[PDB]
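Below sits a lone chain in structure tokens, taken as the form deposited without its partner chain.
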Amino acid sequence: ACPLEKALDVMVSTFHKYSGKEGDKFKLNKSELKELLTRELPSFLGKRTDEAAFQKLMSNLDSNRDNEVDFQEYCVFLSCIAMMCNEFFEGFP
């Protein structure tokens, strides 16, 4: 009966649902990242799903520049979205 614990469970497991598909099992390459965003975050991705848009995502997220998104970098991304949601509650000051 813990919604917040289930929500941490989904956030972590979803990462691995896609990261294990190709190459490094614990990181998202471009293709695995595209699947995750398109399937799991379509409200974020929204209308725009063109190739130069995923390029910028990869560039924003891949801060250590190994060409993949690891778990820490994915957490930073989810936490950026969480911050944007929080602004709604803070009344958009």
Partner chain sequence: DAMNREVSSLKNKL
Second form
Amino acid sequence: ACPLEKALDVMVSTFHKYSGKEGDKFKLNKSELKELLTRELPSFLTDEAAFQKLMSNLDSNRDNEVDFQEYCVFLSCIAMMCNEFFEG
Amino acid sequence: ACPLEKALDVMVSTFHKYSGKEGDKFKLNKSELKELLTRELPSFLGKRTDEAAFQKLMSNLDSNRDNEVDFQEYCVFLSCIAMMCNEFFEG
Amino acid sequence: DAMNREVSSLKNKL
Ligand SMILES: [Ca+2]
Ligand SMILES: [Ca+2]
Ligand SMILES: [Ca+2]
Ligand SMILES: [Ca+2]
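Please give the corresponding structure for the form solved in complex with its partner chain, as opposed to the form deposited without its partner chain shown earlier.
Time for the whole complex; same chain goes first.
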């Protein structure tokens, strides 16, 4: 088994579980991102104001959607947070 | 934990499996990066088998020029692989 | 990388 290759597959597939509901099927609007965060990353979570400042931050090109690249930048940052704890 | 949380945890653990082997226990030197790619990412290493090609990959990952791949650089690497594979999902 | 830069930008915001 290659756990890191399995990890990579989950990183890709999880995005597409949510981005397809509304609008561009390859981007997360704020509603799709809230679903993804609530259901898939519950340990990292909250009010609607909290979901909004998080949305703003993830949407680094200001188009009101989170695209795949922005989502990977986010997941890198969350892994980095866990890593900083791991390192001590 | 949920699948994506476990994926994040595997990203972190797999890095330390290799980074802690030699020298700076928190960065990957050339031998550590090579062993991580070969064992942990065999589907994705192809062209990089060639030594000069692997050193080129390494010099592209090492964006702050300190000779090693730190955890941030490694995440960027993994994100590039994910973005590669995502091209194929989207079609 | 543009990606490395973007990671650093976001990490300083979260
Ligand atoms: Ca969408
Ligand atoms: Ca965006
Ligand atoms: Ca090391
Ligand atoms: Ca480096």
